[PDB]
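Have a look below at one chain only, the form solved without the ligand, in structure tokens format.
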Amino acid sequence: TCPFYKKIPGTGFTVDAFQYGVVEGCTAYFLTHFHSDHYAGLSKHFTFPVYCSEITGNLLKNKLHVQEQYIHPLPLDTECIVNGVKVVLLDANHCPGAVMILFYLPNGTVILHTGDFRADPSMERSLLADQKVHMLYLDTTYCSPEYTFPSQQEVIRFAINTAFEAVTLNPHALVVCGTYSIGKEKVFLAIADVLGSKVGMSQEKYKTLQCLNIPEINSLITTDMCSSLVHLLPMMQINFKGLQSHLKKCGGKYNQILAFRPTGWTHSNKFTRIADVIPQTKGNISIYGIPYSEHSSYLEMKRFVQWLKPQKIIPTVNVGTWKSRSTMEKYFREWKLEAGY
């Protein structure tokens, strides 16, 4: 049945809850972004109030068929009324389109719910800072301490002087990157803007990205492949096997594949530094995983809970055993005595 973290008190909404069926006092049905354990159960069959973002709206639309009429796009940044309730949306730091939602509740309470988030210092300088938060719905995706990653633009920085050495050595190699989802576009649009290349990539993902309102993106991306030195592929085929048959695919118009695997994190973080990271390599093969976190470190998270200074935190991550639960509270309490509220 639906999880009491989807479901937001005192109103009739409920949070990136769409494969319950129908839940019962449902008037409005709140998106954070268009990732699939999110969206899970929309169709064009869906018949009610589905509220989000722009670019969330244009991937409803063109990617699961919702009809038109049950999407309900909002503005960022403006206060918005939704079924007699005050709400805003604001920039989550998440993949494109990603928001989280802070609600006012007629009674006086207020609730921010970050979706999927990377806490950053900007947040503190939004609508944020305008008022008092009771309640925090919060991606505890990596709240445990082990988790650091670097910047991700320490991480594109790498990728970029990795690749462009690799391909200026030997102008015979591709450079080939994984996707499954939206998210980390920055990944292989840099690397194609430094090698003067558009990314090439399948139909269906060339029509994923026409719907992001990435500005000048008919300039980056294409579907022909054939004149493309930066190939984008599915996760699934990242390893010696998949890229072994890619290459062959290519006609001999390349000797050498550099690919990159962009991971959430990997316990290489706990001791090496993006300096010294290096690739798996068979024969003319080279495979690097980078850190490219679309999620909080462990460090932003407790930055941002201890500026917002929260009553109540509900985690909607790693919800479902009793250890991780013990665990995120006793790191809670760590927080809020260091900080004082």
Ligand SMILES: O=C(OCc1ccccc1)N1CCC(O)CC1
Second form
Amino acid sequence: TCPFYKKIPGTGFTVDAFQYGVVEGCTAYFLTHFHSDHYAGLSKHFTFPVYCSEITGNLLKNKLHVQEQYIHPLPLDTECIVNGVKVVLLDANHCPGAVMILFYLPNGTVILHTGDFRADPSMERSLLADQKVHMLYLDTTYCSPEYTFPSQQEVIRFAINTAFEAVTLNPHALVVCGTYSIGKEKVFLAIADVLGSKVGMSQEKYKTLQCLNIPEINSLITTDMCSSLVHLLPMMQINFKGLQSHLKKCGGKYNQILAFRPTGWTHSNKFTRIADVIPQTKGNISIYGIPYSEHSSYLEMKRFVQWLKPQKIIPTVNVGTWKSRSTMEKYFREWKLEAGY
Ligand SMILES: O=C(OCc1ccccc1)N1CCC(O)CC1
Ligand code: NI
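Please supply the corresponding structure for the form solved in complex with the ligand (the preceding block corresponds to the form solved without the ligand).
Full complex below, order starting with the chain above.
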């Protein structure tokens, strides 16, 4: 059973709704981004039209093996007609290829679906500036005031400076970065650049990165682990046991590991500043958890919504409990009363 919040009223469209079989009445399936909770159910045997960005389309074809005849990539920032309805894709400031979708309904209603996003003041000068939005389907992942974290720029400055210091003190240190999906590529790219190295990884992860349209990517990444002093590993391996095991495989080239776990928010955000962050250490291994978010903080989300002034908000995250739903509804009303819409 497809939930109501994945259906767009007055259309035959669904959004991120691939795990419910054939949805009755659906003439086009939109996919906002290539994260597994959103693409769940897509496979090589899918036979309906999928609308998405070019980058998402590359990943569908190459990683999931969806046949090319069912993949409909659309350019960003461009008015397009899909089954008789005007739509626009906008950058969501999430992972590579992630979009928000503007739907212009035949009856004059305008709907914005944010997919997953990290709201930014730059969105206030997109094609959103032009007209009124009646309904907002909102990524509410962090819709509570306890969810604070730094800018992406601040977190990258910390990572670059930490890695450059450690490897300059000990040239035989290896840097490892955890990953389990697309997104957060700036973490490993920025560290490798300050160290004058390519990033080494598995054939499978290399394939994924080759789909992302990153400028000059062949200069930045490699499958030749021996040539690289920044390695990527699955997130599940970023622990003392898994890193000890990896160090053994490196043939006595290295005598220390510095590792990074990009998380989203963790409760240590409610005490500590980024500047004060310390690692967990066992012997010659140290692990840093860094709060690199690709979702809106509470303050970023509030600013975006109070600027956009929607008539109705439909949450798409944390929808499963009465407590969560009640909390979100209280915040939306505060925001509306404060700003006067
Ligand atoms: O039928 C609905 O949308 C139209 C639609 C039907 C089937 C496939 C795609 C789209 N909605 C919208 C939301 C309403 O609350 C109740 C369900
Ligand atoms: Ni996501």
